[PDB]
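2 protein chains.
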Amino acid sequence: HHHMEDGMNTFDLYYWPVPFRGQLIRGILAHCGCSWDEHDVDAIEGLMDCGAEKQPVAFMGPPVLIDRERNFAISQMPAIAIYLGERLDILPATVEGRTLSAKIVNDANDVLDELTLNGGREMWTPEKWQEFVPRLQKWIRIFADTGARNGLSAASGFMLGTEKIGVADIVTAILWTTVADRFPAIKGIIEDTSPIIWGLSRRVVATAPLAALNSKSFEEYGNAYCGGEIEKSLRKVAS
Amino acid sequence: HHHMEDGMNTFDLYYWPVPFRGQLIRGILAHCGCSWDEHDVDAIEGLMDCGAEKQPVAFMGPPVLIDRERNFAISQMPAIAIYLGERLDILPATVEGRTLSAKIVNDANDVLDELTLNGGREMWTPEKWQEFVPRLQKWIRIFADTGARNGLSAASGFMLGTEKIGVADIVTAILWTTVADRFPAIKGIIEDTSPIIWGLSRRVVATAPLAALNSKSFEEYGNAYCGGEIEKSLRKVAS
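Just so you know, the protein sequences line up as chains A and A', in that order. A prime marks a further copy of an entry chain. If you're matching positions, the first sequence starts at -2 in the deposited numbering and goes up one per residue. If you're matching positions, the second sequence starts at -2 in the deposited numbering and goes up one per residue.
Simulated from the structure, these hints should not be mistaken for lab results. You may find that some hints are simply not true.
Since the list can't tell identical chains apart, any single copy or any two copies may satisfy a pair.
Calculated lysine-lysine pairs in the DSS-like style (CA-CA distance at most 30 Å, straight line) [as the list claims (entries may be wrong)]:
1) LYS125 - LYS229
2) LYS233 - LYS125
3) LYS161 - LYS213
4) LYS135 - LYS51
5) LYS51 - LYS184
6) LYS51 - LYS125
7) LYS161 - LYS51
Let the sequences and hints guide you as you build the complete structure.
Put into structure tokens, the structure is as follows:
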């Protein structure tokens, strides 16, 4: 229930119609009960190609978020997540807690890149995948460990030991659940490696706003994850 | 002139002995007149391999920074940079300015990865390099544009239009100068693409603390940039 005095959405988001890097931002917006505009592929490619001076903020790739209330534009998913966390009051009250939240979002940003071999010409093979599994397990344990130092269990608690869901929880939950729900090998690795991260992620996305976002994303995007050709190769190795 | 009451350095930094991703953090520390401990390759590999629960904070790759005064550990270079910016009072006073500073550090983190083909098995060829040049030019212009909206010129001003050097300036200056000084093709691209980013970067690293860090890094690391085999292949294409 927050829009402008002419009824326009407070936020304007540019990100591809796949539940990938910008899904983490859509999750933060949805959790906090925000409404936002989206754009199609042609509009997103246009924004990338119009020249630095004509962009809302100079950026390389999406997501890009415009905050119409503050007349402010931001790119880089980790910068957008922490910005929204401050703006929407879902970060911890300490510099330490805010800083760990930045660490966790950057870690998430990194896992997304490693899952997709940095979105370039490199494809998965069964061999690259088997090499990667232990590293993916290590990433899962990096998340599980920060939770564990803050009292996290499968059944209760949040990532940074807070009273409520914060950015850290949202980004963690959307990262792991989105890929789990689409690639059975990865789902099995998460379940086998960290029950505590499984439980936290599944509790967070069971909340009404995120359960509704998850369903709406399936109905809009089908089974897409990233996708392009890189998705096809991940499907071959991680199903 | 800030250490602990027993004289130990306030900060403890783990990063490889190359002027690469952690150089941006060394720059922030040096600019603010801080002293910090460093570690050798065996110690860094040890910290990576000791298990999540035994790390100062769970992390994948360095840099890792321990703040002994606050008893706080942080990884992810963009999270460390912004943490230090707050701790050492060299960030803008607005959420917008802090957030753009996060964007710029993430952009820097990304340029470092693209220069080194994500630190994996992929090597440069002359062909991949020619394809990359326009993208590198685009990155340079992304930095130049944010400067330009804040009044930046070659000869004066800072990235975010501030009274003094902030994180954004330091990370920008160290990113571009370090690679320029080691790869003549890249130096020529920066000079030809954005005189304003050239001038800002060269003004910032002319300051006494950063001029001393630059020299100390050459004497400790030789001509190394990243290096490993990926450095050898970059040298072949970008000299």
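Hint-by-hint comparison with the structure:
1. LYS125 - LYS229: Answer is both; intra-copy 15 Å and inter-copy 24 Å each pass.
2. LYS233 - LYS125: both (12 Å within a copy, 27 Å between copies)
3. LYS161 - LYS213: within (24 Å within a copy, 47 Å between copies)
4. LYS135 - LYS51: between (41 Å within a copy, 14 Å between copies)
5. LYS51 - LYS184: between (42 Å within a copy, 27 Å between copies)
6. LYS51 - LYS125: Between copies, since 28 Å is at most 30 Å while 40 Å is not.
7. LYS161 - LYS51: This pair counts as between: shortest inter-copy Cα distance 27 Å, intra-copy 39 Å.
The structure shown violates none of the earlier numbered hints.
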